[PDB]
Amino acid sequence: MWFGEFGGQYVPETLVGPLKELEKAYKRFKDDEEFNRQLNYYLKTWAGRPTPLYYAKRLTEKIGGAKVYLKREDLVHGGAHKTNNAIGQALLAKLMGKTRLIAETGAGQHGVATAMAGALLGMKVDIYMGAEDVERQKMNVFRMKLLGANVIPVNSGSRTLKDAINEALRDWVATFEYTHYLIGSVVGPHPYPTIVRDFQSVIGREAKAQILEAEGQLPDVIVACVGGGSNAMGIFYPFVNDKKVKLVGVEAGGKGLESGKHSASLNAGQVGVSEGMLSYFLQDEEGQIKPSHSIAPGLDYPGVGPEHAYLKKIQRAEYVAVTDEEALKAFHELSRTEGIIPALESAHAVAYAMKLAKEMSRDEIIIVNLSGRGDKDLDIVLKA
């Protein structure tokens, strides 16, 4: 339940039971030969795992320092790492005997991932989306409708991801008998942060095998973008006990850390309770959760996963920020140099890895998690 001083189950007594059952179900199926066979089969034949580890020779040679490798989560079915978790929790829910999936979404990528997995396994999908996010993401809303999922708009509060998350929890209390709440990051009450991380750990496990095969050694640095922290925990977790491997999470620096217009929870936030967890949250002087900003909608969350809060306190992972402008330059650079259009979320990771590569030895190795493809982001890259 706890990652050092961070995490927990900060929920009403109505949710304690549901989460008890979820936890008992996960303990059972986590190691069940049939669950893991099914999960592995769907990840291989349906998602297209294992994703490749691509050596960006031209980017590497242009910067003239560290070998830059890209973990290509952009190539997974749906175009984002979110599919790995979406499949895992939908299979669990199915085996738990649930018939309906509910999910929060802000970017819409978790909504699409939940809708695909719900369509794959023949479950009803209800996507609680902030009313502001629905109008922001008209195309992703259409994809979800084509996949057979209903977008239920959340009109409460900031009408964003925070509000969508709590509306969904209020439904789950009523519906938990026949419904699994499918959380799309390493956030929320226990056991969600552990489950989401366990289902994203496949990224790191592949990437470790692939970098040992390609270079015959572990990476010097692993760089991943952090919204809630699922793709980052995914690639980090298997290297956590490899002490020489440096872990760097890149949060949304937005319009600048000094601007107040960002999502860098771990850089600028204060320890607090929201969405049923004890973690770093952007807070005003009064102590209320402040609004977040990122050009990358997937990094636009005021909070961060508790396990990242733990990794920051023990100083196992360093957390940095990249601005909207640095991310945009990286979006263009990776496109022109490697013919790969990265998600704006992922372009944060690429932006920091490029600055870090320049300062580093030619023999040294950076793995960047390329969390998604940028097809969904072309309109906003156009506007800028």
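Numbering follows the first chain given and starts at 1. By rigid core we mean the largest C-alpha set that fits within 1.5 Å across both forms. What changes on going to the form deposited in another entry:
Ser158 is the only residue from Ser158, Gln210, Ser274, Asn267 whose Cα shifts by 2 Å or more between the two forms, the rigid core being superposed.
Core-aligned CA deviation for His77 between the two forms: less than 2 Å. Once the rigid core is used as the reference frame, the Cα position of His293 differs between the two forms by less than 2 Å.
Taking 2 Å as the criterion, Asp220 does not count as shifted between the two forms: its C-alpha moves by less than this amount when the rigid core is aligned.
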Given for the second form:
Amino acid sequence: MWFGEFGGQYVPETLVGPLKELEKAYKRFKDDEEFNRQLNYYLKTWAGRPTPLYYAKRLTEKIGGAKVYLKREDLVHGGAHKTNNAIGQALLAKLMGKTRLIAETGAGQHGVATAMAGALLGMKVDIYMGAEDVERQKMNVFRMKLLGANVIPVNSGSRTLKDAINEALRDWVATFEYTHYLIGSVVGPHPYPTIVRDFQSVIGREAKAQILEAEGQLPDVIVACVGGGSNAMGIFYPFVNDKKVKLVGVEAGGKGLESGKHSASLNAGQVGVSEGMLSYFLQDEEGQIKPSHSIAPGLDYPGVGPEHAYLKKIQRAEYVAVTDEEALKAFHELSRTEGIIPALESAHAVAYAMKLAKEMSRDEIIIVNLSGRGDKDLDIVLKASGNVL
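Got the form deposited in one PDB entry; any chance of the form deposited in another entry too?
Just this one chain is shown here; partners and other molecules are left out.
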């Protein structure tokens, strides 16, 4: 449950039983040949794995430095890496004998991923979403409706994500016998940080094989955006024991690190307990959890996964920040230069990789995790483009 001094299981006794049951079931299935055959079968035929490793020739030549490769998670069924974890936990729940899936979502991406995985495996899906988020995300709610899921509008409290998490936990305590709580990032109490990283590690394993086949050598740098940290841990984990492979996590710098309007937990956060884990969280002068900000909804989270807290502490990974403006510039640049519209989350990683490439040799290799496609973000980018001049 620990990554050095980070992680744990800081939950009420009511949640201890369910988590213990999950850990035991995972220990059985994680190395079980049939579980892995079915998972790999669904990832191949339903999700379209493997995703390609793409050499961004035009972007690389424009910068005039390091070769920039994009791990094309944008091409996974659903348009985001989140599908990898949604399939894994849904199949685990079904093989555990669960009949129902519950999850929470703010912007809807995890909700859609969960709804999709549920439909595939013929399980019931209830997604907890704040009614304020429901009114903001009409298409994603319709999507979840289409996929045979019920969006439970959370009218209580702030009608936000926090309230949906509380209602989802309260649901799970009562229903854990037949219901599985599908967490969408490497966050929360053990064993969720480990399970989600294990179900995203396929990104790194493909990327390693693909760069070795294409370039006959390991990458110099791997760059991934870090919200909770699942896409980053996914591409990082298989390279951790490759000492000369630099690992760079890019957090949401928002309106700037000095503005207090960002989600850079590792950069500016303090070590403390929240959402059942010991990790870095954005805190006010008192020590209360400070609200976060990013133009990218997927990065807009006050906390970060404990394994990233560990990788920072042992200095195995460097953690940096890119601003809303820098991410928007990278969104436009990749679109026009390579004909790939990135998720605004992924655009944070593209933004930092473009800066790093300029200072590096043409023989050096950067792999960027392109965690998703930016179709979902077109309204946000249009509004920001209309606010110019």
